[PDB]
Amino acid sequence: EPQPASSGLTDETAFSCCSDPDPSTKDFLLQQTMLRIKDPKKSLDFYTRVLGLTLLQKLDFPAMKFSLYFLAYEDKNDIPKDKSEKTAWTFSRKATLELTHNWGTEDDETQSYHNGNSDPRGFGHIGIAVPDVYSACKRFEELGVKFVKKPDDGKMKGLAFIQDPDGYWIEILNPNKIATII
Amino acid sequence: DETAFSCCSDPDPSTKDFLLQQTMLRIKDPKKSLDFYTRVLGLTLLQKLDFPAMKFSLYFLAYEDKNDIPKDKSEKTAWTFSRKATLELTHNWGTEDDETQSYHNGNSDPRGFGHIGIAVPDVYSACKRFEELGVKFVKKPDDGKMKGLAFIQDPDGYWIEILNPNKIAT
Ligand SMILES: CC1(C)[C@@H](O)CC[C@]2(C)[C@H]3C(=O)C=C4[C@@H]5C[C@@](C)(C(=O)O)CC[C@]5(C)CC[C@@]4(C)[C@]3(C)CC[C@@H]12
Ligand SMILES: [Zn+2]
Ligand SMILES: [Zn+2]
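If you read the protein sequences in the order shown, they are chains A and B. Offset between the first sequence (1-based) and UniProt numbering: plus 2. Offset between the second sequence (1-based) and UniProt numbering: plus 12.
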């Protein structure tokens with residue numbers, strides 16, 4: 003029953019590669035995903051205004067000439083005012099997006115970041131779960147967002163991919179509708 | 013900062029139930045990857061989904077109690093895809109037997125994606141356990157200006173930040 007190896011893993015092989023978690027890893031949290039961004043204006047506007055994330059915090063590194071922007075689906079009225087307080091909070095949020103701006107890249111017409119979906123491949127995308135793919139995407143269209151895959155294109159109806167201003171892919175999906183699609 | 017106007021306070025309420033569900037990474041060999049993320053890092057495999065017509069599988073991992081996972085495929089799928097902060101590891105069939113194939117981690121030419129990041133109670137003991145389990149480090153907690161902060165690598169070489177949120181605070 004181990005599959006032909008041009009056929010992928012059986013459930014058995016796969017599951018048997020899984021161990022229950024060591025109890026010292028309880029309380030571990032998947033806190034952030036870092037993406038490099040060419041232009042923090044385009045990017046902050048895309049993630050806050052279009053996608054509805056809240057800018058939790060900005061960190062500056064004047065020596066090393068770069069800034070970090072931390073965004074998440076969080077209530078602004080939860081963001082601490084105090085500096086240290088604010089940082090501990092931000093960095094204890096789950097499911098956060100860290101955007102790294104290297105100074106000057108916005109003026110560099112020669113410069114662009116690679117989105118991982120052409121050679122050499124790796125990272126693919128982040129994805130947002132929404133209650134209605136078609137209504138969200140209709141608004142995205144209204145707001146000038148660029149699409150990789152419209153919700154109705156292809157076999158997978160009801161799932162979409164849009165680009166952020168650096169070309170990074172963002173999946174848009176409805177958890178109550180995925181099982182129909184697959 | 014002249015990005016002063018770039019931050020839309022009060023997002024449109026149509027986005028109020030939006031949720032950052034997944035980060036997707038391509039993996040050469042899920043036997044290694046699954047072992048690493050579960051046994052070393054302590055995540056749980058939520059769901060394995062296969063696509064024969066398209067020759068790939070998806071492995072969703074998260075920090076979730078295995079006991080909360082519905083057993084039924086439709087209930088499971090709906091549950092998995094509504095969890096916050098999942099890793100979606102994509103396996104294109106055969107890459108584990110292709111001696112010439114490897115994925116790129118985004119941290120050298122051409123750059124883009126940098127890393128995912130895991131918050132822990134105690135960076136030092138986590139990293140000592142990591143050392144004991146033969147985990148490869150990109151940065152030990154005691155190298156450079158940033159002390160008490162580490163980066164490790166998964167089996168594909170993707171970078172994973174190991175931090176304590178109360179120590180960046182300093
Ligand atoms: C151990 C030491 C002291 C040393 O061995 C040099 C390499 C390094 C491992 C180093 C690295 O390699 C890449 C980056 C990145 C550069 C940057 C701006 C980018 O490359 O885009 C993105 C942010 C990021 C993570 C900031 C921190 C550093 C400087 C990072 C981890 C700090 C720790 C550092
Ligand atoms: Zn980071
Ligand atoms: Zn995905």
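Calculated directly from the structure, the hints in this document are not laboratory data. Careful, some of the hints might be misleading.
[To be verified] In silico DSS-like cross-links for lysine-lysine, where the CA-CA straight-line distance does not exceed 25 Å:
id, chain 1, residue 1, chain 2, residue 2
1, B, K28, A, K28
2, A, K179, A, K140
3, B, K88, A, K179
[Unchecked claim] Just the calculated beta-carbon pair ranges, DEER-fashion:
id, chain 1, residue 1, chain 2, residue 2, range
4, B, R141, A, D109, 22 to 32 Å
5, B, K85, A, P6, 18 to 28 Å
6, A, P6, B, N178, 41 to 51 Å
7, A, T15, B, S21, 45 to 55 Å
8, A, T112, B, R141, 39 to 49 Å
9, B, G146, A, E14, 20 to 30 Å
10, A, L61, B, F17, 44 to 54 Å
11, A, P4, B, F63, 11 to 21 Å
12, B, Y136, A, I183, 18 to 28 Å
13, A, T182, B, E144, 38 to 48 Å
14, A, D109, B, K140, 36 to 46 Å
[Claimed, not checked] Cβ-to-Cβ under 7 Å is the rule here; a few derived chain A residues that face chain B:
id, residue
15, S21
16, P23
17, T50
18, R51
19, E76
20, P82
21, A97
22, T107
23, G129
Ideal placement from N, C-alpha and C gives every residue a C-beta, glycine not left out.
These are the hints, each one checked on the structure:
1. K28/B / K28/A: Violated - the C-alpha atoms of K28/A and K28/B are around 30 Å apart, more than 25 Å.
2. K179/A / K140/A: This hinted pair holds, its Cα atoms lying about 17 Å apart.
3. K88/B / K179/A: 12 Å, holds
4. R141/B / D109/A: 22 to 32 Å: 45 Å, violated
5. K85/B / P6/A: 18 to 28 Å: Since the Cβ atoms of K85/B and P6/A sit about 24 Å apart, the hinted range of 18 to 28 Å holds.
6. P6/A / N178/B: 41 to 51 Å: 50 Å, holds
7. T15/A / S21/B: 45 to 55 Å: 49 Å, holds
8. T112/A / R141/B: 39 to 49 Å: With a Cβ separation near 44 Å, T112/A and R141/B satisfy 39 to 49 Å, so the hint holds.
9. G146/B / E14/A: 20 to 30 Å: 26 Å, holds
10. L61/A / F17/B: 44 to 54 Å: 20 Å, violated
11. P4/A / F63/B: 11 to 21 Å: Given about 19 Å between the Cβ atoms, the range holds.
12. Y136/B / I183/A: 18 to 28 Å: About 45 Å separates the Cβ atoms of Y136/B and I183/A, which means 18 to 28 Å is violated.
13. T182/A / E144/B: 38 to 48 Å: 45 Å, holds
14. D109/A / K140/B: 36 to 46 Å: 44 Å, holds
15. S21: Nearest chain B Cβ about 4 Å off; hint holds.
16. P23: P23/A check passes; min Cβ-Cβ to chain B is 4 Å, inside 7 Å.
17. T50: 4 Å, holds
18. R51: With a minimum Cβ separation of about 4 Å from chain B (threshold 7 Å), the hint on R51/A holds.
19. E76: Because about 10 Å separates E76/A from the closest Cβ in chain B, which is outside the 7 Å limit, the hint is violated.
20. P82: 11 Å, violated
21. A97: 4 Å, holds
22. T107: Status violated, d = 11 Å.
23. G129: 4 Å, holds
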